[PDB]
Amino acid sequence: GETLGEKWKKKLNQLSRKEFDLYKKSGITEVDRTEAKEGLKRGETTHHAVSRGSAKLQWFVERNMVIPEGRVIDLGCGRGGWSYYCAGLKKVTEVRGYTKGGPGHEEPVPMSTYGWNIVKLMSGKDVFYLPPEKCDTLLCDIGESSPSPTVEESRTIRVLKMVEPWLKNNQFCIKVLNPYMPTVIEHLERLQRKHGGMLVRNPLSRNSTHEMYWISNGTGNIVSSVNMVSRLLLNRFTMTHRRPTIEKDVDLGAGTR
């Protein structure tokens, strides 16, 4: 070492509460969740996204980086934002979600947004012990943050090792929590050389995370893009803070398919 990402991590861990809270939102895109969250409080089950995740995935999908189709397996679906988002797409026929749930984890939130009937969200499931099934689309947003870059390296590599057997010339969108550490990068290079795809940064991600996403469509230099992200996040430290770009939250409509 040390990578630019590790420097970013260093500096991040050196921030105070105020500096952190102003940095994490500085210059990023975020969707207005006011109405969605108020609606969810009133117990509404149409239109609303159960979390910020639906828009986060929509960013990828609208750019054709991942194109959900056929049977969609959403590992670690949590509340179900990605599953509920995919349920509305014409090419999607089945949505199957597994999440850990229980104490300390988000349960699947039952909704009646457009296409809910083709969605099955299952809790009490450790995806790491789940036998890989046949699917046309594989999603994965797993990766628990830590102040230690190395702990994150371990968790990340564990996630990649878990998801690889699910990949079969199919669409995928897979969260890479810590992409700047060297062993993760070699692993990703091997994975890319076997299954293709590219690492891309989602603009709705906060500056407080170096997370990138291994998506199935397109190609590129991984190390170059990771370091590109690193220099961006570093620049945003010294950049006069910019209030985030507020965008419309996704609307998931209503009805069965």
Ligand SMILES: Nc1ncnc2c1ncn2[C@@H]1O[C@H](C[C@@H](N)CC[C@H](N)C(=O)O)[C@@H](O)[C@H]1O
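Positions refer to the first chain, counted from 1. What we label the rigid core is the largest C-alpha set whose atoms superpose within 1.5 Å from one form to the other. First, how it differs from the form deposited with the named molecule bound.
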Contents of the next structure:
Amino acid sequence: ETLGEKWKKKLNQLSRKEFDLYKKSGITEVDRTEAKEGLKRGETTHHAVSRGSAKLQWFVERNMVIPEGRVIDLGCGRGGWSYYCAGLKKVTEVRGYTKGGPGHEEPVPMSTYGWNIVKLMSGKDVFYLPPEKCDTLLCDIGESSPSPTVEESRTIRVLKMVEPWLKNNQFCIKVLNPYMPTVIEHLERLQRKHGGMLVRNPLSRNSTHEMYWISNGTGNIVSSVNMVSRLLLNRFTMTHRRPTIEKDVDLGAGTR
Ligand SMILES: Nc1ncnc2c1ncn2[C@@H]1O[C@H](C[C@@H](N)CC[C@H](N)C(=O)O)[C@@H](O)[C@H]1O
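What would the structure be for the form deposited with the named molecule bound, rather than the form solved without the named molecule?
Once more the chain from above appears, this time first in line as the rest of the complex follows.
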């Protein structure tokens, strides 16, 4: 039994009250007040449609992924990763696909900087999409479940699905459950072939062990996974630490 599995078991024991306090304890979060108010008013400029724009920006501004040319955004949701990439100098085209429909977010149309180079498509299950040529491959798919074996199956499926899209390009792929031994085996094989490294984003909630496989980096996958498991385990030991608050991103306005 891995450290991650011990973390999961403890998470599933928490009451809703304990869970809600644990999930943001000591994390970093952007202040969404202004964006939520603007989006409720139907404002289409400046606001990021979700917390996702700030989350991908954290990797981008650390050069862990450097979006360029044709960007494919798998599981785009409302479009936060897509609208963020739309304003980056090196990006020329953004194609987002998302499931939508009941239980899934629909793309939100925006007029933030570079909106005219974005195409978001709903009603698209990426597990049936044939791969397309692209310069940047992003994937943020991985639905949490109280069952780690269900999460293991979901994580492996994402990893098998993204590989044919990987052709010496920039990438940032969510790994929902990176601690299960079978997932580790796939991550190690994929890293030997495609390089990159698994990174924990400080904007992720403690209620998920998610890590991101990013193209520009090296390191030991097992060590990075066990470091996260120990961090999350130590976060149950103390009383709620209020999250570190940062400014949300301003995605501006205008065509390009
Ligand atoms: N099989 C699937 N094919 C397509 N989209 C999917 C599938 N499974 C889940 N999704 C979507 O993937 C999205 C994942 C989100 N974490 C994306 C948030 C996005 N990165 C943002 O910044 O707004 C959700 O909107 C799901 O509805």
